[PDB]
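Number of protein chains: 2
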Amino acid sequence: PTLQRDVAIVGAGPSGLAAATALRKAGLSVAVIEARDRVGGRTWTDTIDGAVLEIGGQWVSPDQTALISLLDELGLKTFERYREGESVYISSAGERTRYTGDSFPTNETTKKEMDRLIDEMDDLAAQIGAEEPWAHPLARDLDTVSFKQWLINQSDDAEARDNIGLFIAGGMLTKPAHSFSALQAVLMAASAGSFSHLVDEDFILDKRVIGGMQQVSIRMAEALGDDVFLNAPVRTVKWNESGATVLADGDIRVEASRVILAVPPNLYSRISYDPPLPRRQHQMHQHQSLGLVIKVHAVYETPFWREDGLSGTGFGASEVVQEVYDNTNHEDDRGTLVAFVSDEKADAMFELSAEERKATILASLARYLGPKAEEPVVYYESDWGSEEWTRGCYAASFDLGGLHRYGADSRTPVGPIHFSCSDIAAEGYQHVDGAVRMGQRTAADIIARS
Amino acid sequence: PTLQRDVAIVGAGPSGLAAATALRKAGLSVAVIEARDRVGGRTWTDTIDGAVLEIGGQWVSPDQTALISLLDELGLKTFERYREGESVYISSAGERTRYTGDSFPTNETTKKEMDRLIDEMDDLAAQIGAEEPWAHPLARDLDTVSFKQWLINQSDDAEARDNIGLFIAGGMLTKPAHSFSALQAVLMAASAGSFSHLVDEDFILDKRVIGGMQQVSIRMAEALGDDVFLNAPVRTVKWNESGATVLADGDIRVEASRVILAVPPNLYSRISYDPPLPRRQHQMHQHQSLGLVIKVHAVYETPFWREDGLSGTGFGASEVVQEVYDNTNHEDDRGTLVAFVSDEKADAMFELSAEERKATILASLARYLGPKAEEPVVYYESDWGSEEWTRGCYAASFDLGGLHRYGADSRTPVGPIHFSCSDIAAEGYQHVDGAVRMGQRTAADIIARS
Ligand SMILES: Cc1cc2nc3c(=O)[nH]c(=O)nc-3n(C[C@H](O)[C@H](O)[C@H](O)COP(=O)(O)OP(=O)(O)OC[C@H]3O[C@@H](n4cnc5c(N)ncnc54)[C@H](O)[C@@H]3O)c2cc1C
Ligand SMILES: Cc1cc2nc3c(=O)[nH]c(=O)nc-3n(C[C@H](O)[C@H](O)[C@H](O)COP(=O)(O)OP(=O)(O)OC[C@H]3O[C@@H](n4cnc5c(N)ncnc54)[C@H](O)[C@@H]3O)c2cc1C
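Chains A and A' supply the protein sequences, listed in that same order. A prime marks a further copy of an entry chain.
Counted the way the authors' numbering counts, the first sequence spans residues 2 to 451.
Counted the way the authors' numbering counts, the second sequence spans residues 2 to 451.
Derived by calculation from the structure, the hints in this document are not laboratory data.
Where is the CB? At the ideal position from N, CA and C, for every residue including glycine.
It is possible that part of the hints are untrue.
Stated by the list, open to error - Residues from chain A' shown here face chain A by an in silico Cβ test under 10 Å; the list is partial:
(1) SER92
(2) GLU109
(3) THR111
(4) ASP157
(5) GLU160
(6) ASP163
Said to hold, decoys possible - Derived pair list, reagent style PhoX-like, types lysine-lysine, alpha-carbon separation capped at 20 Å:
(7) A':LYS78 <-> A':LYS208
(8) A':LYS112 <-> A:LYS113
(9) A:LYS359 <-> A:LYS373
(10) A:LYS112 <-> A':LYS113
(11) A':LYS346 <-> A':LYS149
(12) A':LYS149 <-> A':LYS112
(13) A':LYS113 <-> A:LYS113
(14) A':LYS373 <-> A':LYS359
To be verified - Just the calculated beta-carbon pair ranges, DEER-fashion:
(15) A:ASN154 <-> A':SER270: 57 to 65 Å
(16) A':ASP124 <-> A:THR361: 45 to 53 Å
(17) A':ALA349 <-> A:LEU139: 42 to 50 Å
(18) A':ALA349 <-> A:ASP73: 51 to 59 Å
(19) A':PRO372 <-> A:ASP116: 41 to 49 Å
(20) A:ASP384 <-> A':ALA349: 27 to 35 Å
(21) A:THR66 <-> A':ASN108: 36 to 44 Å
(22) A':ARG281 <-> A:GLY86: 50 to 58 Å
Can you build the whole structure from these sequences, using the hints too?
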């Protein structure tokens, strides 16, 4: 077909659907043109070997007020990750300690250096913010030193530095700490409300969606009916000052006044622009790259770790698997774990065969929770890197130096072309809440323009 | 044959030969009955693929005054290990730094904790001594805690503790720090004159023997002529209050007034005693075990590292190879390295094939000295563990708790049976100088008895 709308939206992940929702509410027409056979993008619930898994994003935290509002508006309810009993810490030397409380069971020197680092990061985050960290007068100094070098300059304590990196590098940006700047760490902290928020798994990994996070996108997409187009990769955006024509597979052709490119930034150059985007965009987009993390899912006859007095939460910056949590489905009698293998360690596991890789990862899970972790009934690894319409995970960030160099331009419309994804968000950066915020912000921009 | 002597000496390593030498000087007759086809025991020079190597012990330090006296008496001269230029340090994180000076190029916290640990060890060594560390009133407290636990109680700094262990555990006792006590570390330090002596490779690995250390034993054995018997494993010691009959392969039978068992203590029970030794000995001997270390020898067309401004000395407590030094032969134009792989890391390398093991070790040498270390013209690994008449290296020590429990009995004659090896020595413990001292001490004991 060919059709005419106020706004063509490329991508039906949560940012594109949030924008579509808001645009409709204010009386604008939309088409949402989506490449895959489903909506949700980096959120995806599927049944794998008889187990319902959240293959993509899943967690809701208390700072994420725009997602929490939306969940309400869609009739979605939440439940909390299980947290009773003891967590497990694996030291830099490989020693396992069960513990409770807000600090890791390390030697006192490391424990004092960690608290100091956490406080300094909280102070920087509070002063610098997530809206425009590049405009702060500290921006150039912080953005031209890697987070690894900045940590070394702050502290002689190797274990504290490794644990501080655990929460930002493997835990959030999913890139090695040598490869991103101290200002990018500060933005990551500020975006979650504080660095202390990223340290506390009871805050950042607090709740999940009954029904699964993919329902958020599914329900916004339902409300839009035939205005959503699936299995339609956008190939071409012809534009001028008055409008755009979007062309997609299946001979689709949408003529609209504005376009929202609601895709992560590494994928912008998948589309031919006619005329080309400006030099500024051609350069900036090359400096954006997603991280890499394997989300590991292991399903067992029972949550066996609870019988041992454990919450299922483990942290070990020196393990192949640096984080493991109880991810048992709501109302399920079977126990499920989720675990993460980040950046260069994800590279290293993908070099092994799937069978050696599984055994390696399960051996690491057994160091936290015991040998029963090696006998799951369903094992699955999310594999977002293989997916041409994602190509990595959780989210995209600048290379070292790119945030201060290009950050102020990362949300700017090129004439009728607008940009909206979690990867360029302020609060909620890299998460569903940031996709939602950015979709709503882009809608209000377009609305006021009209 | 059958023969009669004042003293039968079992073993022609340096302790047994030193004892034989001294006994002759005072007018006593001896036979020295040796199992292998050569003298020297744990000292052995051989030509391997056209390169002269010191397969066993080799180094002389300035504290080793009884060996230095002996070298003089035998006309042997010494030369110093090459030490010009920069050393290499590999950190707990795997970072290589070239340096000079007396301290490692670590962060300042680790550097301050190392100096403190070194001082405390020096103080304990000075107060406790190497003659009878079990008689000090601190002996029980220090001997019932492992050196690993004692270090943890002294310091929160993982890198300092690992480096302190490098000098005692992998560097000397060749057992893991969890397996021996703090009192055994203190004895090791005291035996070399101080712990600072064990830290400074320019002291403890100062000189070598022109001609090779095996010449020390060869020349004492020469002076004894036909009184040395080779290829004669001792099988049986029949004894009573008046004397002993020693029986060895080749139908040898020595009737003597006293016997010196000049073998490391793990081998005492290779010989049948008639009547059996006392309970005290039957128990004590079971608590003595040699360590394990692979002495790696790599020969190159030139000492190539000198062209890069390096001494060839490297330290890396977290590497498979923890120590590497310039071991170039005196007057040789070809460069030779010596390196060490200790205890559980030696176990781990012996589980690989000889070819994977070689490649592993050379890869580690290349982390210190660059890729040219992977292209040697002769590669050889000393393999003392396979040798039935040694079975490990450098030397034997008590299990955890054995030093205080049994140390006071470790040099006591059983009637006509005397004990003499480096492994029970005081100054020079575990080294050729301690074998020499013990041989001389045993001679003077026997002499005064007569
Ligand atoms: C393993 C993993 C776990 C995660 N866990 C969490 C979590 O616990 N909590 C949290 O908040 N967030 C989490 N996230 C992140 C969250 O999933 C993403 O931030 C959010 O989904 C991004 O939303 P988006 O709308 O900005 O982009 P996407 O979700 O990536 O949507 C982009 C959409 O555009 C489509 N598209 C791309 N190119 C084209 C084209 N040319 N033509 C047409 N369509 C196109 C894609 O197919 C896709 O549907 C996780 C992410 C991953 C990968
Ligand atoms: C790889 C390695 C490197 C070393 N480096 C150094 C160093 O650099 N500096 C240093 O001072 N020391 C070093 N040493 C230690 C030194 O070599 C030993 O401490 C010293 O050789 C021990 O002397 P011994 O006379 O006490 O025993 P040994 O040298 O072991 O002599 C024991 C002798 O008794 C024989 N024997 C055993 N059982 C019988 C039997 N039943 N019948 C007959 N004969 C028997 C053996 O064959 C052997 O010849 C090193 C040792 C090794 C293994």
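Verification of the supplied hints:
The interface hint given for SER92 (chain A') is met, as the beta carbon of that residue sits about 9 Å from the closest beta carbon of chain A, less than 10 Å. The closest approach between the C-beta of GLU109 (chain A') and any C-beta of chain A is roughly 6 Å, which is under the 10 Å cut-off, so the hint is satisfied. The beta carbon of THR111 (chain A') is positioned within 10 Å of a beta carbon in chain A (closest approach about 7 Å), and the interface hint is therefore held. Annotation: interface hint on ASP157 (chain A') holds; nearest CB of chain A at approximately 4 Å, less than 10 Å.
Hint status for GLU160 (chain A'): holds, given a least beta-carbon distance of 7 Å to chain A, under 10 Å. Because the beta carbon of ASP163 (chain A') sits about 9 Å from the nearest beta carbon in chain A, less than 10 Å, this interface hint is met. Proximity of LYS78 (chain A') to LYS208 (chain A') is assessed by CA-CA distance (about 10 Å); at most 20 Å being required, the pair is judged to hold. Restraint check: the Cα-Cα separation between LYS112 (chain A') and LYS113 (chain A) comes to about 19 Å, which is no more than 20 Å; the hinted pair holds.
Simply put, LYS359 (chain A) and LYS373 (chain A) have alpha-carbon atoms about 14 Å apart, close enough for the 20 Å limit, and the pair holds. Annotation: proposed proximity of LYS112 (chain A) to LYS113 (chain A') holds, straight-line Cα distance about 19 Å (limit 20 Å). With a CA separation close to 17 Å, the supplied pair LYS346 (chain A') and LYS149 (chain A') stays within the 20 Å bound. In summary, the hint linking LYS149 (chain A') to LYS112 (chain A') is supported, as the alpha carbons are separated by about 19 Å, within the 20 Å threshold.
Restraint check for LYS113 (chain A') and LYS113 (chain A): the C-alpha separation of about 18 Å stays at or below 20 Å, so the hint holds. With a C-alpha separation of about 14 Å, the suggested pair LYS373 (chain A') and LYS359 (chain A') falls inside the 20 Å cut-off, and the hint holds. The given range of 57 to 65 Å is respected by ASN154 (chain A) and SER270 (chain A'), whose C-beta atoms sit roughly 59 Å from each other. For the hinted restraint 45 to 53 Å between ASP124 (chain A') and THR361 (chain A), the CB-CB distance of approximately 46 Å keeps it satisfied.
At roughly 47 Å, the beta carbons of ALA349 (chain A') and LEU139 (chain A) sit within the given window of 42 to 50 Å. Separated by about 57 Å at the C-beta atoms, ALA349 (chain A') and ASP73 (chain A) satisfy the suggested range of 51 to 59 Å. For the pair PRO372 (chain A') and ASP116 (chain A), the beta carbons lie near 43 Å from each other, so the given range of 41 to 49 Å is met. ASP384 (chain A) and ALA349 (chain A') have their C-beta atoms about 33 Å apart, which keeps the hinted 27 to 35 Å range intact.
Taking 36 to 44 Å as the suggested C-beta distance range, the pair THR66 (chain A) and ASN108 (chain A') conforms, at roughly 42 Å. Checking the proposed 50 to 58 Å range against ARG281 (chain A') and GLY86 (chain A) shows it holds: the Cβ atoms sit about 52 Å from each other.
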